[PDB]
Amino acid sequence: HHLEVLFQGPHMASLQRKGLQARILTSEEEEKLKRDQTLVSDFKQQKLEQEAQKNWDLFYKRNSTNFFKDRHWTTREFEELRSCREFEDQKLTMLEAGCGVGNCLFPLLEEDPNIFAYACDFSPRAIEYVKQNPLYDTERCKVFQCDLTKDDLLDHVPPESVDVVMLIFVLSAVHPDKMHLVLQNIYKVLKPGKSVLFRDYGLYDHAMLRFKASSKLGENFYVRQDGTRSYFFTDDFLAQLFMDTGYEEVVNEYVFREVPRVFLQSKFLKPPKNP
């Protein structure tokens, strides 16, 4: 059960945008949310940015937590991985950028036994989780520490060697002013003609509506109780980031999932090389 729709035309698109917003968001509760979510202090916002890696690492050090997520994958990403593969067992090279404990990595590794995955995260405890997974295998997976906003992926990944990059619930954790750095870093490992598969929180997702006072860092940008952060993307903001860093939009769609979750799921192409 799914229904996919594309609205074209200035008037048609705007009318639908506002209709869907009003069906999730009470239109007067919009003003209420903006007044109630008062802004975190500059001092604390600086600390949260400086401690981005530390707060994720502390999250992964928790006990009493099932970090693993069944059904976290999607049919859409699996189909994208079957595209342009002549043989089911053909070698395919991927990067799972911001891999966490591997909830996207390991399901993808069971798709094609000659998938080779680079995988990186800035949390050392996440990387240890990856390396201790039952499915971990150095002939299938090269995992390494990398802060995507400032460590060059080329230190570990040969240039233009990757057939697909996954960027799944990662970019929303990055400061909006630094998101472009992440995509520029990724650009250099991706083969011309190949894509980033993106999925992340979207505007007016349930989580955004639940955040309270002194959780708001900025428009669409919140800190969670564990100090990690979530930005809630609009389609246009996300497309502009990718266009500004050299990609072409293929797919860029809101996903409504029923509790009304709002995600953005997208596919952005690195252009074929020219003359």
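Residue numbers count along the first chain shown, from 1. The term rigid core refers to the most C-alpha atoms you can superpose between the two forms while keeping them within 1.5 Å. What changes on going to the form deposited in another entry:
- Among the residues 152, 137, 88, 128, the single one whose Cα moves by at least 2 Å between these two forms, once the core is superposed, is 88.
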Given for the second form:
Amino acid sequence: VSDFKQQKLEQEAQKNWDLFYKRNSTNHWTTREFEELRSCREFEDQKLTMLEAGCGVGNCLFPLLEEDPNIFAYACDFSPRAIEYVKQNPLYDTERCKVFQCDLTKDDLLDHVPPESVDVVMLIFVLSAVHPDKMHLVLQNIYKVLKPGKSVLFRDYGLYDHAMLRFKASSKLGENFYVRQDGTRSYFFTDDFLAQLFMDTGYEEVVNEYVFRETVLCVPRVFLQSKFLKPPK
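Can I get the form deposited in another entry as well, since the one above is the form deposited in one PDB entry?
One chain, no partners, no other molecules: that is all that follows.
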């Protein structure tokens, strides 16, 4: 295990993510995200407001803004370089999306998104970054913004995913919890763990299924793919 370095890696979780956005090129969302995105819409062109948590460069989101022109995207990420990288992109349309630095385990989302304002939150490959101790914090932060009948679309690394089977016991922070070389972490989800996180934080399970996919020598990538709902009043 990494012992004290863990507290160091946690303390620097933003920085390594910020550094990751430094060195790397801008450079994944399945159709399920896009297809389920529209299923949250009752009127055929109902205007939907979506929070894409952990936006990164929003490489996946920005086409979705073009593909569907009648949705608003509150996008946040705690990497400042990440945000500017989306700020710099020409596709950025201040009308389409409000992007803002937020560490979801620290910053109340009501600073930028009105409470119960968003139709759908996308937790795509983000919860694996945050420390498992603090994950429910991300879920509490996003409950505040979810309309009381709306849902969270979650895709993330799942148990026994390729990356989990590639890591040496030296990258292992703990059970199903690993640090990538650049110091960003990957937690490899199990259906039960995510379910409890969502149950504890007040959501209701719609879909919680492992999804197996072919990496682009291939061992399947295992992604835990799920939909959770804010219970209605």
